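Sequences are here, hints too, so could you generate the full structure?
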Amino acid sequence: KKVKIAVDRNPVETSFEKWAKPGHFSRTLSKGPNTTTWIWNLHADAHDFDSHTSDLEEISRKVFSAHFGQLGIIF
Amino acid sequence: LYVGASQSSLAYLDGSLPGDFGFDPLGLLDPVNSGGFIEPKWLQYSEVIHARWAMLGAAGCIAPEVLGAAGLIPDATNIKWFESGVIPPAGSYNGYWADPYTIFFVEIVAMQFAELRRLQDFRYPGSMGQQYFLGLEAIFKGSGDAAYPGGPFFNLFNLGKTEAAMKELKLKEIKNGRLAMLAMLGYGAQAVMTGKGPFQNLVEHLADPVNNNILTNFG
Amino acid sequence: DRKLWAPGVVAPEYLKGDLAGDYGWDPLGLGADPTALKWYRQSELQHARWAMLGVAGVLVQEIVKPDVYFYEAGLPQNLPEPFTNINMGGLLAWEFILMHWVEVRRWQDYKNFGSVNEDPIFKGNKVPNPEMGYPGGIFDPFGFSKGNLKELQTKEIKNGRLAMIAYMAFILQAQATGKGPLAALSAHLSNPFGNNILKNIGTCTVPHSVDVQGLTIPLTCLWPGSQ
Amino acid sequence: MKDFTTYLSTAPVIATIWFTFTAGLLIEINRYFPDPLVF
Amino acid sequence: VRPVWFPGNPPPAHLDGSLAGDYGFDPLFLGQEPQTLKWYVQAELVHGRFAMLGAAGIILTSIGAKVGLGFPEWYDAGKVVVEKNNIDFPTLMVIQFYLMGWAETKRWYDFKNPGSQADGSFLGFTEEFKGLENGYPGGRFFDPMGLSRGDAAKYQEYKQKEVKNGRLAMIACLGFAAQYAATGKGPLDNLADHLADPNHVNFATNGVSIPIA
Amino acid sequence: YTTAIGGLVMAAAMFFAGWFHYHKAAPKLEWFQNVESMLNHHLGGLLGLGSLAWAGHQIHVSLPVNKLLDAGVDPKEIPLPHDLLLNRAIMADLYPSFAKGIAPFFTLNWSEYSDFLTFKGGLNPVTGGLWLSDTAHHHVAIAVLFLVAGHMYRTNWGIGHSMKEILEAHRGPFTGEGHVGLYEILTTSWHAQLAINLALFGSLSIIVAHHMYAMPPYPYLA
Amino acid sequence: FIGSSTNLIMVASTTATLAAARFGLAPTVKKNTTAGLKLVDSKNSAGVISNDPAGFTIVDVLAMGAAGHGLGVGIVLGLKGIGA
Ligand code: CLA
Ligand code: CLA
Ligand code: CLA
Ligand code: CLA
Ligand SMILES: CC1=C[C@H](O)CC(C)(C)[C@H]1/C=C/C(C)=C/C=C/C(C)=C/C=C/C=C(C)/C=C/C=C(C)/C=C/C1=C(C)C[C@H](O)CC1(C)C
Ligand SMILES: CC1=C(/C=C/C(C)=C/C=C/C(C)=C/C=C/C=C(C)/C=C/C=C(C)/C=C/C2=C(C)CCCC2(C)C)C(C)(C)CCC1
Ligand SMILES: CCCCCCCCCCCCC/C=C\[C@H](O)[C@H](N)CO
Ligand SMILES: CCCCCCCCCCCCCCCC(=O)O
Ligand SMILES: CCCCCCCCCCCC(=O)O
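Residue numbers (the UniProt record's numbering), protein chains in the order written: chain A, 11 to 85; chain B, 45 to 263; chain C, 31 to 257; chain D, 1 to 39; chain E, 29 to 241; chain F, 160 to 381; chain G, 29 to 112.
Be aware that one or more of the hints could be misleading.
Claimed, not checked - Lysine-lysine pairs mimicking BS3-like chemistry, simulated, CA-CA at most 25 Å apart:
1) F/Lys-279 <-> G/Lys-108
2) A/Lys-11 <-> G/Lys-66
3) F/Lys-187 <-> G/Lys-71
4) C/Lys-33 <-> C/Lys-46
5) B/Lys-85 <-> F/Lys-183
6) E/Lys-158 <-> E/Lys-182
7) D/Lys-2 <-> A/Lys-11
8) F/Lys-323 <-> G/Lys-108
9) A/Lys-72 <-> F/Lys-259
10) F/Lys-323 <-> G/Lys-59
11) F/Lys-323 <-> A/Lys-11
12) C/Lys-180 <-> C/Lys-156
13) C/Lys-229 <-> B/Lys-205
14) F/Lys-279 <-> A/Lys-72
15) D/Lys-2 <-> E/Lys-66
16) A/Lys-11 <-> G/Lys-71
17) G/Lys-108 <-> F/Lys-259
18) B/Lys-240 <-> B/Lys-85
19) A/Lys-12 <-> F/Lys-323
20) B/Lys-124 <-> C/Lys-180
21) E/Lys-107 <-> E/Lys-158
22) D/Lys-2 <-> A/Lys-12
23) B/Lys-124 <-> B/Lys-240
To be verified - Not everything, but these chain G residues come out facing chain B in the computed CB check (under 8 Å):
24) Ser-70
25) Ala-74
26) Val-76
27) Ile-77
28) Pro-81
29) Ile-86
It should be emphasised that the hints constitute simulated quantities derived from the structure, not laboratory data. We put the CB at the ideal spot given by N, CA and C, even for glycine.
Here's what the structure looks like:
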């Protein structure tokens, strides 16, 4: 009922550990490649945020950051 | 206490902070789900920093005109606060010992040392007292509050021996700082509207208030 | 307890009153390191003695020689006979050699206490040297140290501090007005409302440079006034 | 740095760097040797 | 404990103060790996030594140029030497590349296999190429005075002095390049211009460094 | 060139904002579901303040510079924008209403500003595009309309509306319950909001194409 | 400007809008309206603490000031638009 600024501090840590692990966002692609189809899947489910997890808060936060990156590209 | 108080802002404003009048209709000090820069410690620290900077600014913006009108300083000086080289389009003073960019580089180095050490003490309380700084680290320890560091230099005369006296002085500082901030905003607005100095506006308004105000200065 | 410099302030823990003239004044905390404190005490003693000598020299020079400016007294054309128009290079060589020798001896005394008291040429000629910066012996032939040395050292350091302030006042007075302290005092007494720091400031009587014989020495005032 | 090097060792980054190097070499070759049609 | 490049900031794990001139300055973590840090240590030492030689030569030549000796500036010495003396520029480049190639190749393969150059395959010399530490090649040829084989504390102090002087010389060479590209004269000419008028002759008045001035 | 440097700075700021909001201060789900406050801000602040700021730039820079360009003045001899923004003499010469300051605005004498806020219509016979005075007046009206619309929904005070209340109040005999549950659908599904936004956005883009060939707003565009 | 029709109309408009909300005749921060335009209690998140006998807070003053300004500006421009 109150409109305020709700926030969480340091939810995700800034690191390059996940950059070396392709397909970490999805549970199906986290295993690794076995066939070439997987590679295509890696690009088809990249922005599919409601498929990585069922938490609406995580999806909204990812959407917000995606919007900022898009505006940076436009600038 | 003041106008605009609310039951929601009173949940986190219990008079602990200095100058707490319960004026927070925008809810910026709510500790529930707080982060980044919108949090009580940083906000109070920023307010006291703006308070002190605005106090020096208001005094420095109204001092040369008052001293010039009193005949204490010569005619070469006594210029408007926005005509002293601050904004070259509004006017610049060439009587300095060097161009404003050289003095700006000096200010860059000086302000970087002061502000960066201040920030490092805020991020880590007491970390400015261990590393060697020509023996000056003995007075850069501060305290638990980054807004009120103290020590042999920042508290030269050791004022506020009693907790009540320190609280009274803190409230006086925050109130004078808020008044100075409003005065600085008024200085900028009057400079943009009237195009003259603040003391000149005060004199013109004191001569004939009915014909000298914001309503008559529109056109 | 001793009287502090400010009413209500608390003196530092490293300033208990052992040294002379200890008012518990150290806003920068430069005395936290004991080695640095001893070095600064020697530096303050040197500054105090040199300032007292300079202040007394300026005053006596203005009294005995009222027509010679103490600021421009360093020029070779203002030196008295038989040192007029003398080569400043040899003069600098003399001062450098003698001052270098005595200052190296004093520095060695600071680094290693009681290690250079003996005369290196004539054995047996030593100085007592009770504390650092207080050699005595040949330096104090009248023997005034065989008594209350605490109050005497306190008077020495206080007079030296006052002389330091006085000599800097002399320098700024000569830089803003262009005359000696006695002449400036007489000028101020002639008209206090006309000759003060309110009007004399902003003017730097010191020129941009001086040509001492062949080379040019750059000169400046302590503040960016009008040259 | 190990993770950063592993990321730079992935197929798209390696492909980008390799094709940039090959394209640059071919472009510089045609620049210093304009219009080569025969040997 | 030890001083750092940014007071209050904890030093990184890959910088524990064992190396000379260690101030914990690595915001990009370029030397987090041990082998990479070893390679970067040798690179920094070589850079500082070359920068020291360059700064000393440039300062001495500019000193001779300011006085009436006819010394050319550092940005024209190559042309003056090649045109004054009948010296072929590509021949000199090839000779320099041959000597530097031999020296740097021996140093590189010594970095890959420490102590390998001491096998005696190069004219029978063994202890002259055994090497002391990484980037510190002790021996009778590189250190004939034997300062690296005596008084360990003095050796560590000299190591700290060497790394600090090398970093200062690198900054000095960068300043030489910027000063020549912005003012057009030599470093001592800029120093004389600044000493003649420090309030009006600086980087804030050259008209190139600050474009909005 | 300065605008390019500013754009690069803004790009770095946008990237830093994304990193900060994902790894340093990530808002909760309740912050994203404040559609009333979000709409109030996007209507008043974003659209209204953007239109007002552009109106100010058009009145103080586009109007005098373009008027001088259409008057035959060489581009090098035209005064700089800050020169026009610093003194009232040049602006008063190009537009006499500027000699009165902001006084006619507060005295409800807006008719005095009839030299740079008109309804000329048609196109400029010299450049071929729309009159910039009309576009400036347009942006002023648009800013006032959006700023007024930005105070419609309730946020933290009693005044304002609740979109759920308005949706539930709209129900007729031929539709059953009506818009019940639509508020919960749009406040919890990003795909539904994306569908609505993409449809209206694409429609507005096509409308932009038609309005731009029909009414050319830029000089020498037609 | 003081005493002119523009000033009188604007002052009367602002005073009329301020008098209606305080005397329970216009929507306030404490009393909302239904679809049949009937006053009823609200659920304000702020809950501004006011000393007024009817609970007239500063938010009501700002809202009524804006409403009166809009009505006054429209009335003045409308009369100036019809030549009256
Ligand atoms: C999609 C845009 C957007 C949105 C919705 C938000 C929203 C939020 N930000 Mg954020 N931010 C953004 C973009 C955005 N930001 C960008 C682009 C940057 C990089 C500059 C930042 C950097 C940033 C930081 C560092 C922080 C936030 C914080 C916050 C939170 C509360 C503070 C606040 O913004 O309240 C109100 C805003 C203010 C009180 C300050 C605004 C003053 C600006 C500088 C005025 C100038 C900008 C203006 C639009 C230009 C007008 C022109 C002018 C010259 C006339 C809030 C949820 C804080 C947080 O994490 O809280 C939890 C926080 O610390 N933001
Ligand atoms: C250098 C700073 C930095 C670092 C170390 C990280 C690190 C991390 N981020 Mg993060 N982030 C950053 C900045 C950073 N981020 C910024 C600036 C933004 C705003 C855009 C975000 C927004 C963000 C989100 C929303 C998420 C992460 C996630 C993650 C984690 C894994 C994803 C990943 O990195 O794969 C590497 C990914 C890439 C290399 C793709 C980058 C593409 C960029 C953004 C746009 C490229 C545009 C391109 C040029 C245009 C295409 C045209 C084409 C022809 C070239 C990881 C630990 C994810 C996570 O935590 O998992 C749950 C998560 O969902 N980040
Ligand atoms: C007057 C306040 C205000 C303003 C101006 C904006 C502006 C914007 N919002 Mg935001 N928002 C606001 C309030 C505001 N919001 C509030 C109160 C909430 C919480 C209910 C949100 C929640 C929200 C979400 C969830 C999202 C936005 C998004 C956006 C951007 C849409 C991109 C676009 O097409 O526009 C035009 C683009 C530009 C004009 C680019 C220039 C950007 C400048 C700097 C304006 C930024 C102003 C903003 C208030 C940040 C300043 C705060 C300070 C801390 C930096 C846009 C810049 C989207 C986004 O995240 O984009 C990144 C988005 O997903 N907003
Ligand atoms: C958002 C849009 C916008 C903006 C930014 C401006 C801005 C400006 N307009 Mg303008 N205008 C606009 C829209 C806008 N206008 C529209 C839509 C119209 C049509 C109705 C007009 C019609 C108009 C006219 C007729 C005139 C102006 C004028 C002006 C200038 C002076 C304003 C004034 O009269 O004093 C107002 C006083 C203020 C705005 C106060 C300023 C507050 C300052 C910034 C505070 C700074 C304080 C700070 C803390 C200081 C500390 C700094 C520290 C370093 C010491 C000014 C730069 C005048 C002009 O340019 O003369 C030629 C003029 O006569 N405008
Ligand atoms: C309370 C509240 C609560 C809720 O809830 C929320 C809200 C609403 C947000 C709120 C409010 C707030 C506010 C009011 C704010 C404001 C502020 C200001 C004004 C500041 C200023 C501020 C100001 C400032 C800093 C200023 C400063 C200044 C200065 C330095 C100056 C300087 C100078 C001088 C000396 C003189 C010369 O000639 C010039 C110069 C050189 C330049
Ligand atoms: C008797 C009494 C009293 C008094 C009270 C008062 C007097 C109040 C008031 C108040 C007021 C007197 C207020 C005012 C206000 C205002 C406002 C709030 C405004 C505004 C604005 C706006 C928003 C506008 C807008 C616009 C524009 C800008 C343009 C276009 C058009 C329009 C309109 C849209 C007391 C309590 C003391 C005591 C008891 C009783
Ligand atoms: C008149 C010819 C004099 C020699 C001219 C140069 C020849 C160069 C040969 C240098 C000999 C290098 C190796 C010397 C000694 C080796 O360490 C031992 N033979 C290995 O047992
Ligand atoms: C103008 C350029 C002349 C260069 C003269 C080449 C002299 C030979 C130097 C080649 C060194 C190659 C080192 C081996 C490669 C490696 O260590 O990985
Ligand atoms: C654009 C808004 C149009 C509003 C139409 C209102 C019609 C009144 C219907 C009231 C029905 C009721 O409250 O019983």
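Results for each hint:
{"no.": "1", "hint": "F/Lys-279 <-> G/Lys-108", "in the structure": "holds (20 Å)"}
{"no.": "2", "hint": "A/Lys-11 <-> G/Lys-66", "in the structure": "holds (23 Å)"}
{"no.": "3", "hint": "F/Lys-187 <-> G/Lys-71", "in the structure": "holds (23 Å)"}
{"no.": "4", "hint": "C/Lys-33 <-> C/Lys-46", "in the structure": "holds (11 Å)"}
{"no.": "5", "hint": "B/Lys-85 <-> F/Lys-183", "in the structure": "holds (17 Å)"}
{"no.": "6", "hint": "E/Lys-158 <-> E/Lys-182", "in the structure": "holds (22 Å)"}
{"no.": "7", "hint": "D/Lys-2 <-> A/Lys-11", "in the structure": "violated (48 Å)"}
{"no.": "8", "hint": "F/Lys-323 <-> G/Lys-108", "in the structure": "violated (41 Å)"}
{"no.": "9", "hint": "A/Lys-72 <-> F/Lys-259", "in the structure": "violated (52 Å)"}
{"no.": "10", "hint": "F/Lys-323 <-> G/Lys-59", "in the structure": "holds (18 Å)"}
{"no.": "11", "hint": "F/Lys-323 <-> A/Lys-11", "in the structure": "holds (13 Å)"}
{"no.": "12", "hint": "C/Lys-180 <-> C/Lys-156", "in the structure": "holds (23 Å)"}
{"no.": "13", "hint": "C/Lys-229 <-> B/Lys-205", "in the structure": "violated (42 Å)"}
{"no.": "14", "hint": "F/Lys-279 <-> A/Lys-72", "in the structure": "violated (48 Å)"}
{"no.": "15", "hint": "D/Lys-2 <-> E/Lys-66", "in the structure": "holds (15 Å)"}
{"no.": "16", "hint": "A/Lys-11 <-> G/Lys-71", "in the structure": "holds (8 Å)"}
{"no.": "17", "hint": "G/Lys-108 <-> F/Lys-259", "in the structure": "holds (20 Å)"}
{"no.": "18", "hint": "B/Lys-240 <-> B/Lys-85", "in the structure": "violated (38 Å)"}
{"no.": "19", "hint": "A/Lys-12 <-> F/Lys-323", "in the structure": "holds (16 Å)"}
{"no.": "20", "hint": "B/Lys-124 <-> C/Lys-180", "in the structure": "violated (56 Å)"}
{"no.": "21", "hint": "E/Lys-107 <-> E/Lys-158", "in the structure": "violated (40 Å)"}
{"no.": "22", "hint": "D/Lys-2 <-> A/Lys-12", "in the structure": "violated (46 Å)"}
{"no.": "23", "hint": "B/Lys-124 <-> B/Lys-240", "in the structure": "holds (7 Å)"}
{"no.": "24", "hint": "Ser-70", "in the structure": "violated (14 Å)"}
{"no.": "25", "hint": "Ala-74", "in the structure": "holds (5 Å)"}
{"no.": "26", "hint": "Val-76", "in the structure": "holds (5 Å)"}
{"no.": "27", "hint": "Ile-77", "in the structure": "holds (5 Å)"}
{"no.": "28", "hint": "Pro-81", "in the structure": "violated (16 Å)"}
{"no.": "29", "hint": "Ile-86", "in the structure": "holds (6 Å)"}
In summary, the structure is inconsistent with hints 7, 8, 9, 13, 14, 18, 20, 21, 22, 24, 28 from the numbered list given earlier, while agreeing with the others.
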